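Here we start with a single chain on its own, the form solved without the ligand, put down as structure tokens.
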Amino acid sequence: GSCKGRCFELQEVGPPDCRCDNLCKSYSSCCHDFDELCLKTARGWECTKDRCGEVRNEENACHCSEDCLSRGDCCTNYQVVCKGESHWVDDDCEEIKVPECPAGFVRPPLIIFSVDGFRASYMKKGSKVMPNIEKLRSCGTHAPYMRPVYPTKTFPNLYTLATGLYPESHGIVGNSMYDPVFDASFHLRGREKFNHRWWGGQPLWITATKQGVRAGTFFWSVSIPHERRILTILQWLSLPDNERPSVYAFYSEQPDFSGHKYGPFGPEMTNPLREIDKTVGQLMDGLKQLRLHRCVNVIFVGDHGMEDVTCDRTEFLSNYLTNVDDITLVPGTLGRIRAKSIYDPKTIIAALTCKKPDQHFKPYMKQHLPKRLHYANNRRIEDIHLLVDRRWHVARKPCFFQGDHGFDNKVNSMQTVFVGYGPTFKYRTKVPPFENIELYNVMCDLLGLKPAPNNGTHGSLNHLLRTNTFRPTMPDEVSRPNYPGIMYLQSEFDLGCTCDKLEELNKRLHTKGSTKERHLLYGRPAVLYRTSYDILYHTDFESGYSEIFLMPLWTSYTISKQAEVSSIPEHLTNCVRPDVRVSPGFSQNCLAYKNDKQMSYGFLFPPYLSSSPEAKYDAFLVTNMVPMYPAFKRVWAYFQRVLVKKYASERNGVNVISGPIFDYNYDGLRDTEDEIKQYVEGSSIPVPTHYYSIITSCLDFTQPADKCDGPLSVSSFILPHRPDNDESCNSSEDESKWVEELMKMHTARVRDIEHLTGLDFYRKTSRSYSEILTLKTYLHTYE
């Protein structure tokens, strides 16, 4: 019943026996002498010359005795003060070409140093405030910033780090949440969070244990001082070979706590950052004492940033809703709304939509949230969501705090940090910003583990690593296209469409020709599911036409910097032409659109960008038509007539691939036919939930998009196909005052589109597949 000989033991005792491990305090289950024997404070955390060679006194917090390495309970500066060695931070960086590990070590250990609320810009504070951190950052591998997951709160992000999964998939969708199947709520405070029922996926410590690799206890009771957490890691690293973990985690509550109290750019922030640096320095000195400083891979990572947020920037729901007693709100930097008793969700949303000119939040049904957030597919996510403006809070009803976080994960102030240091990371290497869902694959690689299935894209971070355990391979195409000829005659169609000579004298009409070379610059997308579709070629564009969904899965075209924009002449406004290459039965019909009072149609390739009046007639083929709400046509037509040409002008030409997305179950994945819940009336033409475009050009803008030697540059979006423009509060103005702002909100990665369509892009380029995976994970943020 005593913690003697057992402090911070790895085996977990009881219930009910008294525990002496990392978490015993959190359960209020430690042995009576835990706080006495294990949380020793006497004489602080640094050796002084007068202690060198002292007799071991057990009440000392750390030791300067000659027996202190045999336990690894020496103070971390022991050798510096007593044996003439130097501080890790004062040593020159020297490349670590191979792991330099001592006797007994069969792989490089991994230590994860997680710092709560460490904003990316704090790194700009430099080596006068954070000398140890700046050394890790400059000698190792680092990104200018790492993007967290939404919501940008600690539990969702630390668990995403651990699992490689979006919160919707791992289950930790908030710091607070209610589960209607358990009928219970989870909170930062209390016991409920300790119940395994809440935690899904497979976190790294479980992946490791399952594959025979020992993991240290990642979690730390808040009562354990940071210095004792470092000393405990060093103690574990000193254990025999058959008991020593290979992976460890340190967690610090700072700089988050001071960020909340003083704001991100308060002068008070410098002290907490100095203290974090000290802790890193203690870890590095400690490793160096154990001859592990050129053997361990260290990951210094944050979970989210911090924004300026004060009391008097609070919107209150009682100022919008007359029935605020009927609802339960999860409040703050995001809002989630539920009924108090299992109120009407459609009236709640309408009552919160564009009611005040400076309104600092926007309501969404969860399925209408931007797809890049991946924040819908979980019963813990309430149907009603408030996306709150940066710098603001939302509360239910009507200063000690100056900072908060939780906002949209593309907001600048929410970005966090990443540095990788050690033999397996690259040397003095800067890498592009990347998302925190990508690290679990890399941590697995670093430990020799096979990752469990996750939302990372394995290989998209190979460029962080000196030597890679994993080489990606491009997936095999599942469906092979048909390339149908001009088989059928005009008179065989009656699709109910109308139109209003030279195409009879063109024998080579709709043949491959030079269409593939100029309009598919990166190869045909591959179709990764079973379906039947047709490649269709035209002077100005190429498309993959689905005989099942009666529309293209994709439409590809290139527009040069010098492309002319033209009008749809009035004699062609209502023109729709039957496609002589596709059968009537696998074609859309115009009558269904005339029968459907809510629904109109648009075109994937824009008639506005035709290369000639002759070629413009191709844009009106029934195989280029897609169902579109009139409200959405305002957005689409502006995109196609104005913004594509702008992008072409700014980027030295662009290649565009556009198409429909069906995601009626909001799982982020391509719907099967059975899952499509809306069709054009009286018809079998499915209604898309979204429309995507992927806009590619040369990263070197001095080369045109069709003559690009090197790295590519991409921006993409996934626009919600909505029958109104209630999302955009300025929509009653000219499209130039609101459409582009809409599209920027709905920016997306190419990977997001691949999941939602079952397509694989960029299969024929001069780049390596690893480089391509990096491109596919890129998000253009507009921040």
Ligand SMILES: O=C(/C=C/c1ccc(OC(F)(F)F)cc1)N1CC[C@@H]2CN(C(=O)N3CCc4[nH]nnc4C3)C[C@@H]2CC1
Contents of the next structure:
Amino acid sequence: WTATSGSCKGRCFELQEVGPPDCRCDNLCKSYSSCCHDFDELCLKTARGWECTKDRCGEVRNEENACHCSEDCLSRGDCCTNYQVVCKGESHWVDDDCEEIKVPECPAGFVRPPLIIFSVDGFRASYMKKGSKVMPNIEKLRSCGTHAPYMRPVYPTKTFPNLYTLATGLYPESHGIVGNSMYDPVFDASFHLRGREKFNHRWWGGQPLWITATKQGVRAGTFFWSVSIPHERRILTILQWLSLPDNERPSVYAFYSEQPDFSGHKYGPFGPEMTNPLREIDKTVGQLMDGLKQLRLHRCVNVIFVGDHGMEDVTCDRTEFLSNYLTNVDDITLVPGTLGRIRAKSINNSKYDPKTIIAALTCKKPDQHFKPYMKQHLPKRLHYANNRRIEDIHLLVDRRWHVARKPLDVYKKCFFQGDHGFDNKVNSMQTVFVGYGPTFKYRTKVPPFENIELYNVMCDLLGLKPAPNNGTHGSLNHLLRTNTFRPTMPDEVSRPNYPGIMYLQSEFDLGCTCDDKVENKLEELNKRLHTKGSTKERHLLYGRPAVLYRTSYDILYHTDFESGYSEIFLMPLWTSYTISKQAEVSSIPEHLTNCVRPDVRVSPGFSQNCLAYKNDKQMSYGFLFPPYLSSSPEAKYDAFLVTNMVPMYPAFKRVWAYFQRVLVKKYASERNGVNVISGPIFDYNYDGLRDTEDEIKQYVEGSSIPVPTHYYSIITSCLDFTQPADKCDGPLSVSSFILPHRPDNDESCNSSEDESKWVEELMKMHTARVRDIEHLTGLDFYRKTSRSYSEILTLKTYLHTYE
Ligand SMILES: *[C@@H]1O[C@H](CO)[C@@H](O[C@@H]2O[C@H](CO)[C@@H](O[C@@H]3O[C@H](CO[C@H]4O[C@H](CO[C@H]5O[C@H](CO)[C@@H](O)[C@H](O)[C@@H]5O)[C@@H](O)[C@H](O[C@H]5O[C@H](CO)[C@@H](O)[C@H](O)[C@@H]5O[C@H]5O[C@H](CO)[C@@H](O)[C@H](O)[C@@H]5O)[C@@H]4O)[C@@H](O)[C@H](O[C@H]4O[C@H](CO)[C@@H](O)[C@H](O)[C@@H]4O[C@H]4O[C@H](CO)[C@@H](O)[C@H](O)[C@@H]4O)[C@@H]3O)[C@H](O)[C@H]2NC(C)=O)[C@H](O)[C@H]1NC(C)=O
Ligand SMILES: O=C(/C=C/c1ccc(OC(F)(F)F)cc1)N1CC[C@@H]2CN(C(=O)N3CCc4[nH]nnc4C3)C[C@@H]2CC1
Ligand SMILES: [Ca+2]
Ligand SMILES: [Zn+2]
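To complete the pair, please output the form solved in complex with the ligand; the form solved without the ligand was given just before.
Everything in the complex follows now, all chains and molecules, and the chain you saw is the first one.
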């Protein structure tokens, strides 16, 4: 109910929100059907347009105008943005040569450079270069300011998840907005595009920048704008707010443009009709910067030009129908489009089974344009599982396609040529970032980064303390002239033991055998040194990983590799080794195929045993340091230590063996040596975080040996590849993966073929950031380099995309 009898007189775009049933005058009253009767007349004026013409110059003030050209308008903060250019012989901001902003130049009474977020829906990264001829204002921002070639959105690459991620620094699984459409089973409520449920506070998690600001005494303009408010009016409203007295004036503002998303959907990402939407956006940027100039704020304000996601070519005829795969089509609810989420249509149907749904969807057609997953099996880099609003069954749809339930859903609901939502590593989904102002660097290009990092930086720009978030604070310091935040490495929580030889062979009853009884001060003094860590500088290049939680573990040294061995999990947390470009691959000798050897540094009670793998018909074992890369026949025996062994399904050993036998050598060849750190991951509750001992859901049968959900590797070398990985003087280069440890290769449709045709493609899909592995393991890598900690944080957030 709205008693619309009240007035907007003197309240146009008020900053506080008056509660019902009094009428509103804010930038969202239209969306609520709650504006006062006079909102349009007073607050949405349009008379005479948005620009001064010659003959309006020093006119008599006429309150009915949209904006003014009268002499008092700089006083009232309501001149047309082009006022000074037409009436006072000033030039447009874009026509001025750009000049470094070494220090903020703010008018008296400004405590801090204001922040203006200029957000553009569906602004694909390549528009910066491809449309640069028709966007001179945006091109000046970009080339004079700080820019990335692209910014990575979050999955799914839809609007609500990405704008709320921008605002909170959180993954959608933590902020709760996991799609533009959602069902919450606990609430028993649906979130939609059309309607009033989306306004309910319970949907929105974390703490967006406007709440962070407000709680720490920094005032914010209102971020959201009703679609019917024209872009010019949005710009003039922001400019008017910027002339409020010091005690009332917000310090952070947002503008939002529906374009180029709106036209990109109808015309496709590069349709000829896309030029005008881009000209129009530029013109708006131009109005803003002209407006800031008249206010003498153009060298005081920090401006962020930022997109939510890109746009891909997608038409009706590229739709896959679930009704071509499932017999029980009407038993399911599908959330459709550029991603698929599936649940049971009725909760009272116990003849519903995810396993048979998945199996009917799995490599069923030669050219299949979507791949089904249980949500916990999705690539960890998507972080898209830990929320009840995310359905257990998920379809990753190929770029350029839709998935729908039945054909009648498409033609009774082509209308469109563009869409988005796909995997956030897809090139067409990338978006833009430009930062311009006293706090950003001058003419600086920074590497691509993820939009989850931005909340931290916007907090820094405003002197705020960020709420806990998924950004890595420090990783974007190289974007900033000043206001850097100077992080310190976390403290190690557990210190390792350094076991010596403590146990005789015969104390072990592990059911393991090895043909190793074949055996000198020459080569025995030598090997005692290796077990004490004489070659550790070779294999442990960036310090030992720090264990950041309370546990009991041993460092074990070997000729070819070093490991941190957990007495809790009966296996290493990490194994480190360096493969030089000269290193040669060997095979496992015939007599050593089944060889496993007790480790006399580690008690029998804290070792695995071969009996367990014998009795477990589903489970085999692999090794973390690969025997193929051993440096000598004698060194090879170290690779067969029971303390280098890990449980692996046979199906996964196909993947792991090809990685260790073929790909490590190939990376070392290409990168001029590589350092590898490999290990197990336990994330049974799919929250992206290390599981504690009492959360383990699966053991090798009849043992206390826990079964990893994933295996990771981090592969580091020198960024200047003319330098070997073990003698690198400068920046480092990294790629990582987090491979799911599954009992079949159903994910890989070509898996019956040779590993050379499918394994590297799997690994590429499961590419990961070192930071992702840190959360999953409780480990902290790169503790001892000669690089700055900020540079190290950036390296740790890097994702190698292969696109
Ligand atoms: C990405 O970054 C984020 C943020 O850093 C990481 O997410 C955080 O991770 C933490 C560990 O998983 C988690 O800690 C929880 O917190 C539980 C209580 O939390 C509630 O309050 C939170 C605070 O909000 C306030 O913020 C400021 C202060 O900072 C205040 O001043 C304000 O007043 C704010 O209100 C709040 O964030 C949180 O909201 C979530 O849940 C809401 C729905 O109810 C959603 O609206 C919202 O979106 C959040 O939803 C996400 O997170 C939840 C988990 O919290 C998850 O379920 C959702 O799927 C979604 O992902 C809460 O309202 C606290 O109870 C937990 O403690 C339990 O476990 C410990 C183990 O040590 C026990 O000791 C303890 O007893 C307790 O166990 C009890 O309950 C058990 C389970 O029910 C039971 O088995 C047991 O027997 C016990 O009875 C725990 O500390 C953070 O809440 C979470 N934050 C966010 C924002 O999501 C994230 O991990 C990062 N991701 C990666 C990959 O790195
Ligand atoms: O005014 C805003 C919000 C401004 C904002 C600015 C910065 C933010 O964060 C920051 F500041 F940190 F950057 C956060 C929000 N809107 C406008 C209104 C609707 C229209 N729309 C659609 O209905 N869709 C539009 C596009 C689209 N493409 N496919 N479906 C759709 C639906 C959705 C919703 C998006 C947000
Ligand atoms: Ca976990
Ligand atoms: Zn969008």
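Think of the rigid core as the biggest set of C-alphas that the two forms share within 1.5 Å after superposition. Residue numbers count along the first chain shown, from 1.
- Core-superposed comparison between the two forms: among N319, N506, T573, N195, the single residue whose C-alpha moves by 2 Å or more is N506.
- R214 is not among the residues whose C-alpha shifts by 2 Å or more between the two forms once the rigid core is aligned; its shift stays under 2 Å.
- After superposition on the rigid core, the Cα atom of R391 is displaced by less than 2 Å between the two forms.
- If you fit the rigid core between the two forms, you'll see the Cα of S127 move by 2 angstroms or more.
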